[PDB]
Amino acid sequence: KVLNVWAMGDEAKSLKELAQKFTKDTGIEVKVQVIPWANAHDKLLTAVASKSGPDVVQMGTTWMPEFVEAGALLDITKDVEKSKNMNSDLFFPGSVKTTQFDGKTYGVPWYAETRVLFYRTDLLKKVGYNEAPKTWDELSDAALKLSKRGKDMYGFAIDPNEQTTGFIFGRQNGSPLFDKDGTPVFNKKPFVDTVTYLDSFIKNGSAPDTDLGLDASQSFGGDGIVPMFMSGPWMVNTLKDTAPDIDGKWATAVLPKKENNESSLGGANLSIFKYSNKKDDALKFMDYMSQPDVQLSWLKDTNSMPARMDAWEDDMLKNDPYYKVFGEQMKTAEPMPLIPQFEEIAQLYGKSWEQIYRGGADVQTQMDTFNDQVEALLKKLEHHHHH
């Protein structure tokens, strides 16, 4: 009797609230499950293996190609063309790219995100930076200077389990990641030099080489143990809600540049699980949640980025300092490679990064290994497409 919705993290709390109003408005009962992002990919895999799971699923954009490849998401092309709230034409092209495969559409953008630099304005001033670092050389320099405040003080965080980080920096140094032929180029100089660059922060003590176990207010607030980092909109919301002691002492900025300062485009879509016996009510739910006023309500409350383009004309999105930075960054933000093995490739990058930063492996050598692993994965997939 109940429409099952799987959602993730902090956003799923807003979705649960909205779903309560949906149930009041339509009479359709809805149970929203809240799944940590850390566990979600495994939970999705289990649902696919068992063909049992939710009716509506919040899908991280980077996993769209995987779960379309697996046949787990319903083709909703005809249905979204005929909604006035879910039509692809309303959304940013980069967001739409995460939903469309071989001419068919498999979800509706729910929110977008991109990654920006968060920095303590007061602490950067004290090391001679009146504005955020704007190049790789400046990020390195400021970070190293901030790390000299003390043995347990740092300058910049590199999250070893953040799928986007290595690949963002790689593209900034001109690596396409995969060349025109689909061949991975992780062992070519642009990428190798990127990973050397990131390792430089570990080697010089300016990025922590273990998880310090601090929440954002404890690491970025107070005396600013970690005084620069990269994140998305959800960290503006977190810091506004949890770090009052640094109100007026931090800001965001666009990413520092190397060749370019491109960031990632991510977020989440709403999709219908292929095996659902509630497809009609799933679509009603998605249409309702795509109402522009329903969207803007929760988006602005959480400082989140709409994937719907006309939302950006809203006075807050044009004039709020955080939204100005996100909007600027979004102009050039690109999805991670939209390939069905992305997550597994990212996890492989993670292992290789750990061999380097913790194991002391030579970067070129480890990138040769990693690139071979990736090529092997791609061949393994190709073979499934050639029976």
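Rigid core: the largest C-alpha set superposing within 1.5 Å between the two forms. Positions refer to the first chain, counted from 1. Compared with the form deposited in another entry:
A movement of the C-alpha atom of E328 falling short of 2 angstroms is seen between these two forms when the two forms are aligned on their rigid core. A361: CA moves less than 2 Å between these two forms after rigid-core fitting.
Rotation of the smaller rigid segment with respect to the larger between these two forms, from C-alpha superposition: 26°.
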The other form holds:
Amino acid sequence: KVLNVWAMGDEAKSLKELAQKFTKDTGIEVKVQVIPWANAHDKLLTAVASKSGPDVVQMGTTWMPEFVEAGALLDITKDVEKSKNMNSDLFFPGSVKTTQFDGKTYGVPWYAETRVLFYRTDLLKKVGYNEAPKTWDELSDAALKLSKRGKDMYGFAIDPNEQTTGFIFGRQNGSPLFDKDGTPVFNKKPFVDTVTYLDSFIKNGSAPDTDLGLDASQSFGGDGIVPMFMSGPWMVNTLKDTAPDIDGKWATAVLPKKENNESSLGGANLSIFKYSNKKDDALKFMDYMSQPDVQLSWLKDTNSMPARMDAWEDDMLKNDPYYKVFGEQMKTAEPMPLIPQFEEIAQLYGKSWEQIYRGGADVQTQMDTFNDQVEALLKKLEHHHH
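Return the form deposited in another entry of this protein as a structure block, the form deposited in one PDB entry having already been given.
Below: the lone chain, stripped of partners and molecules.
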């Protein structure tokens, strides 16, 4: 009788609260189970293997490729086209891409995350920039200048464990990452030149090449040791809460442009488990969560940005100087390639990046080795294919 909803994390307090309001509204009873992130993969596969699980599941966008192939997620194409609040035109195009496979829809975008430039407005002004850097040459130039402030002063952070960063810059320089035949092209000139460009901030001392052990407040606040970096919407909240000393001294901006300035697109979708016996009630719970005002309540309780475009007509987003920039970036942002072993490929990239920035490898030779590893990884599907 009760609609089982799987949410991911340590806590699902805010969703329980919206689920209790949904129940008061619809007479639909909802039980939210909290699945720790390090158990969700195997928990969901177990549900598939046992043809028994929740009715609605929170799906990280990068997990969609594997759970669609695994048969975990119901084809809801027909149901969402005739819905009020779940139609694909109502969501950011990149969020929509994460739901669509062989022309079919396996979920509804719920909340979206994209990566923007965080910068110290006073520090950029100091080195001659009235606005955020707008191009790769400016990001390079502004960062080298900021690094000459002092001994352990920097200009820009390249996070060596951030999976998106390499590929976001690659696409900006016109790498498609995989060609039309699915062949990896990490060793071709648009991607190789991108990695040379990222490597230049390390070699020139404008990006840290070790773990400085600074939290965001410590690195970005104060004198602004690392005065520019890239992050998601969660960092707005963190800076306001942990670095009040820099109030009115920082902003977000859209990423600097090369051929384009497009960012990554991630977050979560709501999907129906394939063997749900309550599809009707699942679709009703999902359509409530797709309503603009619920997306805005969710944003207030958890700072997750709406995937529903109409929510962005609210003043708390439209006219917020931090979040409006995430809204603009969202418009053209592109999910990381939606294949089941992307996270492995991100990881191989991480290692190659390390061999360059730390071990001084040649960029072209190292990208040749990386491209060969991706090819090998793709041939034998050791993980995540079904």
